[PDB]
Structure formats: C-alpha cells, structure tokens
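To begin, one chain is listed below as structure tokens, in the form deposited without the ligand.
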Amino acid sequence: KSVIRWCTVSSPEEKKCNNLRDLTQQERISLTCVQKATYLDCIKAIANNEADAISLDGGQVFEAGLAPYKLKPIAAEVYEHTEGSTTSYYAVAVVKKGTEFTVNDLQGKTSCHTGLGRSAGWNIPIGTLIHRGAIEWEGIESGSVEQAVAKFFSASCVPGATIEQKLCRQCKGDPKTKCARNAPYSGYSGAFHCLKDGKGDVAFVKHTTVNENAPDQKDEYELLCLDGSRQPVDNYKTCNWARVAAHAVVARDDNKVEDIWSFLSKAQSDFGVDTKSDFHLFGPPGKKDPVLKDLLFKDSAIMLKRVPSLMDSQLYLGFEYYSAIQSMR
C-alpha cells in the first residue's frame, strides 16, 4: 500500500497526525492514523500488519524488539543537548567529593533513587548490579527485586517502593507521604536533594542533574564509574552506567521501511525545525499541558536520522542499557 498507517495513543496525538495527513494528502505516499489505547496495542498492531510505525522511547523500543513482535528502530530523534547523536541522556551515579568509596564498596551504602521502575534511577543501576553479580536476584519467583536491593544497600529512598520498609527509610516528608511516587525526594531533582541533604551516599540520576540543580556547586560532586574510578561531573561521557538512546520510530523489518523513511524525510524537510508553516513536526517546545506534550515526536527533537539497516534493538540501544533492562525481568 503506498500508505503509512501511523499509530497514535491519545486524541491530541491523533489530531496532530490527521493534520499531517491533510498537509501531505496530495503527496504520493500518503499518511493515515490508527489510534489505539496504549503504545503496546500499537506494537501489536504494527506486528499484525494493522499499522506501520510509531515513535517509542528506549525501554519501549526494548519491548518492541522482543519476540513475537521483532520490530526494529528505523529512524531516531536528534536533540540539541547531545550534539547530533542519537542519545537522550547518560545515566550517572553521583557522589559527594571527598568520600572515598568506589563501586567496589557500594554494598552497605545508603542510596537515593528517582523512583521505583524509573529508567535512570532504578532499572539501569539495579539491573547493572544484578548483571555484574553484585546483587543476586534470579527472577520473579524470589519475589520483588525490592527484597534483593534491600540486602545490598543498608537503607534507601526509592519513591514508590511497597515491599521493603528499608527502601523508604532515607526519604524526607511525613510518614504518610515520604515514600509516595510524588514525594520530596522523587524525580531527578529530589534524588539530587536526597544526596545533598546527606540522606544517601549515592544518587542515581542523569548527566544533567547537577547542572540543572547546582550549576554553581559542581565542584562539590563527583561521578562513581563502573571501572573503579571517580571522575568530575563533566566527564559523564567516560563515566556513566549506560547511554540511553534517543526515541526511535520502530517498524516491521520489511520492504515498507523505505516508504516510511521517504515519508518522514519529506515531512521533516517541510515541517522540521525551521519550517515557515503553521504545522510543526517537532513541538515547538514549551507546551505546559502534559497531554499536549511530545505529540508524535518529542517537542525538543530537531530532526530525525535513519538508523543503519543492520542495527536491531540490541545494537541501537547499546550493550550496557540492553543487559541492564534484560536483568530486570
């Protein structure tokens, strides 16, 4: 069919897609919009030849590539902050300068996490330590990963934890809500404040968190690297626990990939970052309302690049990320 069926997951998103249909309908490859309830319904639909493409973040690209779907990334967003690379951010472990411990001495420390189930604050650090054998968890019949983590750190603040009391012990706030998912210490800024207030020895955040939160106090913090070193906050490119790839358009690996890329390439050429048109494929940024944010593509993306034909989901995401999320299942 010379028809790309884009899959959308909310009604503001379906609207943006239909506006892109109306603006390219007299192009030869046309667009059409299928709306499903969740991104997973869209993964099932692409795999069942019911729709053809959708943009997914790192962990949902991981999901899309598992059997039985075996969807592969075909184009990736590029943002201004990672300088033309298909990277969203790097996950780093932040410590106060002057403490002396390395990753080899982490057992028994206290920790600050952005929240349970979050990518940089839970899935990448804990999966990295399970993959390296520092934390022993063989799989869900054990019980929760929470019980495994609680035999490794002596106490933590993990907003959202429900199984182990230790995991909410370092959290700030009244007993009622200190460990809620929206607590004082949740999120990148709250995991950073947990570290700053001394309630944790390590915070698991991303590479921009000390810059966003304490740009004038960078010198008081260091990064814990996986090889045993500690390095300055600015050295995240050589001291990170994993690179988290950019959002990627996923598709079935088949002859329609060139048609989807041909659509997107003309579409961004006309409606990309520098368009004079009313329609913008990417944003523009600054939408406040969450249901209006990042419709179809991220509002902060500046172009799309096609991913080499030979990169599957494991190669696109990278070994560190892939083995870490693999270990959490």
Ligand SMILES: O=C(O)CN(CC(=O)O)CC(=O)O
Second form
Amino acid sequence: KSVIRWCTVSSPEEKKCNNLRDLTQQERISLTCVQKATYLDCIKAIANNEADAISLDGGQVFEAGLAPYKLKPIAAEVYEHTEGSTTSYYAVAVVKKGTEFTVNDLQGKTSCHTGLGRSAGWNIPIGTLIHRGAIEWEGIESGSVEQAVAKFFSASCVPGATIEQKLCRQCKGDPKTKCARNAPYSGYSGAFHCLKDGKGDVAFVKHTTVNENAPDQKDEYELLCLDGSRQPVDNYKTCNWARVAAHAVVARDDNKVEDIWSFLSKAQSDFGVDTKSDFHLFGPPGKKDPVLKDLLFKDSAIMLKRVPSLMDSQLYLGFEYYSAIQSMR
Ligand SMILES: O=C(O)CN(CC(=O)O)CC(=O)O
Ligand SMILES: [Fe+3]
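Rather than the form deposited without the ligand that you just supplied, could I have the structure of the form deposited with the ligand bound?
Everything in the complex follows now, all chains and molecules, and the chain you saw is the first one.
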C-alpha cells in the first residue's frame, strides 16, 4: 500500500501525526496514524503488519529487534551536541582526580548511580561488570541484580532500590525519602553531587554531566576507563563504558522500508529544522510540559539519517551497549 501507518502512543502525539497527514495528503505516499497504549503495543502492531514505523530509544530498539518481533532501525536522529553521529550520549564513570584505583580495583568501593533501571547509571555499568565477570549474577532465579551488586560495592546510593538496604546507604535525605526515585541524589546531576560530597567513589553518569554541573571545576575530576587508565573529563570519546545511540525509527525488514524513508526524507525536507512552515517535524525545543515533549521525534533532533541496510539492532547499538543490556536480563 503507499500508505505508511505511524504508531503513536499519546493523544498529543496522535494529534501531531494527523497534522503531518493533512500536510502531506496530496503527496503520493500518505500518512495514517495508529494510536496504541504503550510503545510495546506499537512494536507488536508493527510486527503484525497493523502499523509500519515508530521512533524508539536504544533500550526499546534492543527490545524491538529480539524475537518474535525482529524489527530493525532504518533511520536515526542526529543532534547538535554529537556532531553528525547517531549518538545520544556516552556513559562514563567519573572519579575524583588523585584517588588512584582503577577499574581493576572497584570491588569494595562505594558508588553513586542515577537510579535503578536507568541506562547510564545502572544498566550499562552493572551489565558491563557482569559481562566481564566482575559481578556474578546468573539470572532472576537468583533474585534481583540488587543482591549481586551488593556483594560488589560496599555501599551505594541507587534511587529506587528495594531489595538491599546497602544500596540506599550513601544517599542524602531523611530516612523516608533518601532512596526514593526522586531523591536528592537521583538523576545525572544527583549522582554527580553524591560524588562531589564524597558519598561515593565513582558516579555512573553521562559524558556531559561534569560540564553541566561543574564547568568551572572539571580538572578536579577524571574518568575511569575500562582498560585500566584514568583520563581527563574531556576524553570521553576514548574513555567511556558504552556509546548510547540516537533514537531510531524501527520497521519490519521488508521492502516497505524504502517507502518509509521516502516519506521521511520529503517530510524532513519541508518541515525540518529550517522550515518556514508552522508545523515542525522536530520540536522546536522549549516545550516545558512532558506530555507535549518529543512528539514523534525528539525536539532536539536536527535531521534523520538512513541506517545502512546491513545494520541490525546489535550493530546499530554497538557491542558494549548490547552486551551490557543482554547481561541484565
Ligand atoms: O537514560 C535513562 O534510562 C534514564 N536517564 C535520563 C535520561 O537519559 O534522560 C538516566 C540514566 O541514563 O541514568
Ligand atoms: Fe539516560
């Protein structure tokens, strides 16, 4: 059919899509918006030929490429801060300059994480240490990864932990709320202030966190590299634990792919970052309300680039990211 069914997951998203539909109705390939409840119902619908495309972040792209769905990324967002590359950010392990331990000596240290279940603060560092054999965890009937992590760090602040009391021990706040998901130490900046205040030896955050929170104090900090070195905060490209890819549009591997990309390439041409139209494919940025943010594509995206036909989800996400999330399941 020369109809692309975009899958949407909220009513403001569903609205943006019907506006792009009105705006492209007289093009030969047309748009039609399907709304489902969650992104997972959208993966099942694309898989079952009920819809054809949706933009997913990296963990959701992992999910969409596994059996039985087997969707692959076909185009990916580009952002200003990562300069032509299909990368959202790099996960790094920030330490104070002058401590001497390397990644070989992490056992028994205290740590700061953004929260339980988050990419840079929990899924990438802990799946990397499990994959490399530093943390032993064989699977959920063992129990939670919280127990395995508690035999590795001596105490931590992990916002959102519920199984192990040591995982909340380094957290700031009164007893009732120090380990809540919205604690004083949650998020990228929270896990950095945990490191700054000496409550942990390592903060698992992203490559921009020190520059955002402490621009004027970068050289008090270093990065812990997976090869044994410690490098400057600005050396994240050669000293990160994993690259977290850009959001990608996933689709069934079948020849409707050139049609989706043909639709997207004209849509971007007319309504991309430099459009004089009122409809913007990408944002613009500055929507304060979460329900109004990043509808269809990220508001910060500046274009979409076609993913080579031979990259599947593993190749798109990269080995470090992939083998770390694979270890968390
Ligand atoms: O990525 C996530 O899963 C959630 N975040 C926030 C975000 O990325 O905006 C923190 C983290 O990565 O620890
Ligand atoms: Fe994140």
